[PDB]
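Asker: In case you want the letters, here they are:
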Amino acid sequence: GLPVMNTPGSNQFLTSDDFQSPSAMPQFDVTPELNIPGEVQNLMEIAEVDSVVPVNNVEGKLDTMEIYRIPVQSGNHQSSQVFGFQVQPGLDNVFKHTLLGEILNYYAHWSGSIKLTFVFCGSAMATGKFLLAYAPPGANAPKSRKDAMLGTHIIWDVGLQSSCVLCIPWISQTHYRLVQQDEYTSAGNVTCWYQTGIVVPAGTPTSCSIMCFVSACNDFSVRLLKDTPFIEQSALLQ
Amino acid sequence: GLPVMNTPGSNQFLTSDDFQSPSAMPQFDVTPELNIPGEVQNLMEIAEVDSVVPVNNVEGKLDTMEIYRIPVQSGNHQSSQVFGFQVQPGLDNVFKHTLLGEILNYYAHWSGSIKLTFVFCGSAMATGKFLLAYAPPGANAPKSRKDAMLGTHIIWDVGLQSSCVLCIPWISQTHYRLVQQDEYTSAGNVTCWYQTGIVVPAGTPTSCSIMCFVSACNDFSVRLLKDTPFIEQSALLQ
Amino acid sequence: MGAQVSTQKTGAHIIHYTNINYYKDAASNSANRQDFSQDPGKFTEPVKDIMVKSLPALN
Amino acid sequence: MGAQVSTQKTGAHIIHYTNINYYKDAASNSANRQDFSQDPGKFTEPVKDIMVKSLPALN
Amino acid sequence: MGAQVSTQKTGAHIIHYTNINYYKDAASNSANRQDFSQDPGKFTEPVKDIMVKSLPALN
Amino acid sequence: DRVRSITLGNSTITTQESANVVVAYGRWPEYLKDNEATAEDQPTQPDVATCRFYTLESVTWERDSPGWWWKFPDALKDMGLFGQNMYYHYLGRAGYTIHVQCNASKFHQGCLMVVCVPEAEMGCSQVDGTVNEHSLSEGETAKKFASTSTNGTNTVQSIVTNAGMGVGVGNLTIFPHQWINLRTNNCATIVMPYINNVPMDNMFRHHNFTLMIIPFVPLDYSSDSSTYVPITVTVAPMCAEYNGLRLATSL
Amino acid sequence: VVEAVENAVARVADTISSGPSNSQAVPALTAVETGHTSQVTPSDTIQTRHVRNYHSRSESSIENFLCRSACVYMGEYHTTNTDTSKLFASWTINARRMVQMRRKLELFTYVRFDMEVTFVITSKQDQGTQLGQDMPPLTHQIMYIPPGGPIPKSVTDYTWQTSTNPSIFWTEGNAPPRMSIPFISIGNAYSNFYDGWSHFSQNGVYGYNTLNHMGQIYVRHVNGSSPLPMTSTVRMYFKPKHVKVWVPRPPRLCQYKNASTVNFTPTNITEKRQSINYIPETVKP
Amino acid sequence: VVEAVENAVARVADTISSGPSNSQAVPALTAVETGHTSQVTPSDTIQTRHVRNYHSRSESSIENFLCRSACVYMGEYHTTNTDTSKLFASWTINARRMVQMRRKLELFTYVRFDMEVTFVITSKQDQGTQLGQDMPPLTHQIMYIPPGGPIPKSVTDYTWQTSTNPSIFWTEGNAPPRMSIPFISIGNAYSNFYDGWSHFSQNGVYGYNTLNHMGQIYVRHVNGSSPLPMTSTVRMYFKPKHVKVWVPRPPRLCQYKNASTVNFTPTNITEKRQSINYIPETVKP
Ligand SMILES: CCCCCCCCCCCCC/C=C/[C@H](O)[C@H](N)CO
Ligand SMILES: CCCCCCCCCCCCC/C=C/[C@H](O)[C@H](N)CO
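Protein chains in written order, with the deposited numbering: chain C, 1 to 238; chain C', 1 to 238; chain D, 1 to 13, 24 to 69; chain D', 1 to 13, 24 to 69; chain D'', 1 to 13, 24 to 69; chain B, 11 to 261; chain A, 3 to 287; chain A', 3 to 287. A prime marks a further copy of an entry chain.
Chain C with its partners taken away, still in its complex shape:
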C-alpha cells in the first residue's frame, strides 16, 4: 500500500477535537425543522439582558426579597453613604449569581463596558437627587461626597422618567481582565451619595427603596472556556 508514518498524537482521545466519524444509523430520516420563536445564536445575547442585583446582601436577609432593596429616607442624612461595592463582575458576591456573572463564570477572560440602571420606587410625590460615582483603581475608596465627586459620575434627578443609567467604561491597561480577579487586574469601585435629599408632603411614607439592574454593553466579549464552580455532586444519580 501507500507508505506512511505515524506522528505523535496517534490513538489519543482529546475532548475538544473535531473529526469525521461513521454513523451507526445509515440513511436515517430526521424530523423536519420547525420555526420555534426565540432562537439563541450567541451567549452574549443573554448577557445584554438586565437582571436585578442583590446589593443588600447582609446577615439576616439572604433568603428574603429585602436583599434586592436599597433603603433611603427623608431628613438630613447627607453624611451617610447610600451604597458602595467593588467592580468584580464574576467574583464578588454582589454580582456572581446575576445573569451576567453566571455567563462569565464559564469563562476565564472578560472585556468591555458595563451598564448599571437604577430605578426609584417611591410614591409619586417624593422628590430628590442622587450622585452616582465610579472610581478607577489605584487609590482607596472615597469616604465622603467630596472625594467621590472627583471620579466618573452622574447626578440623577428623580422625575416622571424613573430610571437612570450609569455606564462603567472600559479603562484598563490590558485588553482583558481575569474573571478570577486579583490585585493586578482590579477595576475600581462604585458609590452613591445624597446630592440634595428626599422631600415629601404630609400623608406620604417617609422611607423608600431603590433597585439596581446590571447588563453588558455592545463592546463586551469573553474567552477561555472553563468549568463552573457553582454545581457539584458526590455520586452518580444526581
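Keep in mind the hints are simulated off the structure, nothing from the lab. Treat the hints loosely; a few may be bogus.
As the list claims (entries may be wrong) - Beta-carbon label-pair distances, calculated as ranges:
1. D'':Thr10 with C:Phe28: 48 to 54 Å
2. C:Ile36 with A:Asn205: 27 to 33 Å
3. A':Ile153 with C':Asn11: 32 to 38 Å
4. A:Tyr280 with B:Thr158: 33 to 39 Å
From the three backbone atoms N, C-alpha and C, an ideal C-beta is built for every residue, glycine too.
Starting from the structure of chain C, add chains C', D, D', D'', B, A and A' with the ligands where the hints point.
Answerer: Chains C', D, D', D'', B, A and A' with the ligands in isolation, oriented as in the chain C frame:
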C-alpha cells in the same frame, strides 16, 4: 479502506521534526498584535554589535573593572609588547563570554571577517602612535616589532578621532572553522607594539589605558546548532 | 474531488485549509465552528412601539 | 484542493514540495522555517545624524 | 499538487508512476536511480594529441 | 557639527561638545492610536506642562567610584505637574529625552558609560530572599554600586561587574547607550520611546527602565588640577497621556 | 474540483469620539417598566476617544460553547461472579446523571443536534490472595437497544446475536471507540422541561420522564474467561454538533437531587458581607 | 487547485576587488562615543580579490533557532501508596525549571508564539522481595486546569469527569501524545522580565510570578490496580512556532538559583591566563 504500508520511522519522536497537530483549544481568539520597538529577526544582528573584551584577564583581576583596561605609559618602552592573543572567537577565554562568543557557542561552525576597534582614553594632551598586527597561522607568534611588521597591520595615530578599526579578514583553506578550534582549523594571532611612544606635557598623568571592542562583519555566518556548555544544574527547580 | 478550501482563524493588528467529506450521511460531518451571527434585539428590545433612546421613554 | 507547492532548500555551486492544511486553526500549522529577513541598522546604527563612514566621525 | 509523473523501468523486444514530495528539505527525498550518463574518455583517452585508431600510433 | 540645541516646553538645553543623538531603536515617541487602544475613556494631554526638562540631583565622581543607577518612572513623581498627573490617574504613557552632563579640562582623563535598560529586574544579596522597594530606588537620589560583593537583608547584590542582574557588564552595549570620553565630549543624549508589552500601564507599580552610569576608566588628574568633578542628569517626558481619573493615591 | 468558501468574522463595535454637550437629548433617562433594556454606550455619557476594536465573539457562540465531550455515565461489570447479573452492565440513555453537562444543557428550553459518542473502557485485576496468570487481551461488546427490542437475560443470551441492533466490538490497547448519531426524536426538538402529565386525566408520571424514551445500552465481556476475578469500568462521553437551541432560561441555583425531577432544597440568593457600604482597603503601607 | 509560492534565499554579501589608495578618505578612523558600530569591511583596509559568496544565514533565524523540543518538567506518581497524594502528579505551568530552555528564551525581553506540546511517559516495577504478575497495559490521563477551575483531591475525585477541561487518555506502547496550543496571554506578548510589584503600594510579590498565571497540569493512572507497587514518570516537552521576539538582552552569566527570582552569586568575568602577552607555542619539532 485504502491499502497502505508503514515505513521505518513510524511512531518515533524526533525533537526537530515539523508536523501538523490538533489544537486543544478550537477557535481560540488571540490578542491583537502590538507594534513594539526593537524586533529581532536574525541572531547575526546581535553579533554585529560591538562589546568590550576582557583582554587583561590575569590573576587578581577577574572580578574587577581593571580586567577591561590595557595599560600604556610614557618613556622608552619600545621593546615591551603591549598585548597579544589568539584568534579563537568561541574557545579562548578572551573572547568566549563576549556577545559574539556567546552567540557562537550555540553553534559548531563559523565563517567570516571580524572587527576589532581600539579606543584611547588618555587626556586630551597625550599623543602617540601604535602598530596593530595580525599574523595568519603557520609560524610562531612574533617576538619583536620587526617580525610583526611583516603581517597584516595598521598604524594608528591618536588624534581628535579617538578610535581605530583593525579588520581581520577571512583567510582560510576551508569554508568553515570549528567553534571548538584545534590545530587544523587555527587562525593566527594579534599583537600590538609602540610605533613611536607616548609624549605628554607637564601637569598630566603619565599612565593611560586603551580599550578594545569586538564585532562581526557583514560576511559572517554560523551553522550546526548545539547546546551550550556555559549553563548547568544538578536538579530541578533551578 | 469535491474539496472545500476556506480561511483559517487568525489574529489582527497559507492561511486557508482544505476539507473532504468521506461519509454518505451529513450527521458524520465535523462541527460548524465558523458561523458567528447574532440578533440580540429579540431579547433586549421586545416592544411594539420603537424607543429612540435620545427621547424620553414616556410622554 | 488548496495545495501549496514551494521550493526546497538546496545548495549552490524535482526540487519543490507540496503541502496541504488539514485543521481548522492556524495554530495547528507547521513551523515557518523559510523566511530570512534582517534589519541590523536598528541595533548597529541607531543615530539621528547619518554617518558616512568615509568622512571623519566628528568635526 | 506538484505531482511528478515519469516512466517506469521496463524491458524491450500504464508504464508510468507518480510521486509527491512531503518534506521541506531535499535531503529527505528518495534516491535518484534513473540517471545514466557516462564520460569514459576521461580515463581511457587522456592524451593531448588525438589518436585516430586507424593510423599508426607513432610516426 | 558639535553644537546642539534642544527645546521642550519652556526649557532649552545647549551644548558645544556633543557627539550625536541616539534614537533608541530608530523609533521616536508618539501618541497611542485608535487601532491599538483598549481603554475607552477620552484621555488628557497636558502637552507643555508635563513635557519639559527636569534636573535631578548631582553626584560626585571620585577616583574610586563604582557607578550609579536610577529607576524611571518614580524618579519624577515629585516633579511638578508631571508628578501630580501621575498621582491622580490609573494609567499613563510617555517617552523621554535623557541628557547627561559632565565637563572637565584637557588635563583630566576618564571614561563613563551611559546606558538605558528596559525591565531591569534585580537580584537580592541573599540568594533565598527578596528585595525591598527602598533598595531599588530612592526617588531623585541615585543608588550606588559596590566594588566588592555585598551583604545585608533585602538589599540588591550590587557588585559592579554583574550589574545587579547576573550578566557581564561589558555586554551592556546591546542596549541604547553612549560614552562620555573626557578627551572627546562632555555630554550624552538618548531619546527613548515607550517600550512595554501593553499600550498603557500604572506608573507606580512598574519601573519601565533603568538608567545606569558606570566608569570604565577611572578619573585621574595631576598636581594641582581641580579635584571636584560632578555629573548631572536632566530628563524630559514626551507625548504624555493619562487615563482613569479618580482620587489621589498615597504611598 | 475545488470550491472556495468565504468566512465572515464578526468583531465587536468601535467607540466613536465624543465631545461636550448641552442639549435636550437625554440618553441616560429611561423607564424599565416597559420591559426594555437601555442601549446606551459610554460615548453618550462621557467624553471618549476613538478606538478601533478588534475583539471577536467567536468562543461564545452556541456551537463552540456546546461542542466538547463530557462524561454522562459510568458503570462496572465482572468477568466472573455468582450473581449472573454482575457480568454485564446496562442503563437507560439520558444526560441527567452528571451535573455539569446537565446544567449546561438546561440553560435552554429546547435543543436539537447530532451527537458524537465516545467510550472509555478500563480493566483491573481483582484483589485476592492468589494472583498471577496469563490472560489473552480482553474483548468487549457494546449493544444498543431501541425501545421494544428484546432484552438480554445473561451473558450467553441469544440476543447478543445483534442481527439488527448496532453493536461495537473492541479490544483493549487500541484507541477509544467512537460513532456518530443523528437527531432521533419523534418531536421537532428535544425537550429539557415538560410541565405536564402522561395521562389525559392530569395524573400519572410528571415532567421529563414522559417524553424521552430512547432505548438502553448493554455491555459485556466476550472472552468468557478469568480463572481469577477481574473488573471492568465503562464510561460514556457525549459531544453535540450541528446545534440549535431555543428559549433561554435562568441558570440553576440549587443543587440537584435526583435524575427524574427538578426537586430542590431552598438556597440563599448569595453570600453575605459586613455592610451595604463595606469595601476592603487594599492600598496600605 | 494548486498555488505556487516562491521562496527567496538571502545569502551574505560579496567582497569587491580593491587596489592601492592614497587619499583623504579615512574609513578606519571612527568614534565609539557616538554609540555607533563601524561598518567597515576588509576591502576598505587592505587589497582584496573578488569573491562570490554563497553562504546563507538560514540556521540563525529566530524560528530555526527556537523551533526544537526541550524538556520543561519531570514528575513521578505511583499506582498504589498509603499517602493518597503520591498517586497523581501536578504542577504549575512555566518554562523556568530547566536551565537550557530558560536561558535560551531569556535572550529576549518579550516573546510571542504558539506551542507544540509532547509528553513522554514511562513505567517501572517497584523493587520488592516478591515480583511477578500479569498486568494488562496501563492507561494514563492528563488533564489541564485553567485558573479558577476545581482542583482534584484524590484519584477518584469527581473532577476527573473533565466535562469542559481538555484531557488526553493514552495507553503504553503507542507513539508519544502531542497537541498544539495557541498564544494565550491577556497581554500582547509574554514577558520574561518584569521590574515591578503586584500591589499598588510597591510591595507584595516582586517580578515574574506576578504576570504568568497559566493554570496547572494533573496526571494519573486510570486502571486503579497493581497488587504489587509500580512507578510512572511523565516528562513534558515544549516547542515554539510562529515566533516573534523583541528587545535583545545580554546572555546569563551566573548560574540560576531558583525559579521565582533572578537571584545569583557573583561570578568572574572569565578565566585567567599567565600574562597579557601570553600565547602558547605550537610550532615545535
Ligand atoms: C453501538 C454503540 C451505539 C451507541 C448508542 C448511543 C445512542 C445514544 C442515544 C441517542 C440520543 C442521544 C441524544 C441526546 C439525548 C437527549 O435528548 C439530550 N441529552 C438532551 O435532552
Ligand atoms: C490535555 C493536555 C493539555 C496540555 C496543556 C499545555 C498547556 C501549556 C500552557 C500554555 C502556555 C505555554 C506557553 C508558554 C509559556 C510562557 O509564556 C513561555 N514559557 C515564556 O514565558
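Asker: Each of the hints needs a verdict: does it hold here or not?
Answerer: Hints, one by one, checked against the model:
Hint check: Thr10 (chain D'') to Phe28 (chain C), Cβ distance near 51 Å, so the stated range 48 to 54 Å holds. The hinted range of 27 to 33 Å is satisfied by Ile36 (chain C) and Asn205 (chain A), whose Cβ atoms lie roughly 28 Å apart. Checked against the hint of 32 to 38 Å, the pair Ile153 (chain A') and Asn11 (chain C') passes, with Cβ atoms roughly 34 Å apart. Our hint of 33 to 39 Å for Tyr280 (chain A) and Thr158 (chain B) is violated, since their Cβ atoms are close to 53 Å apart.
Hint compliance for this structure: hint 4 alone is broken.
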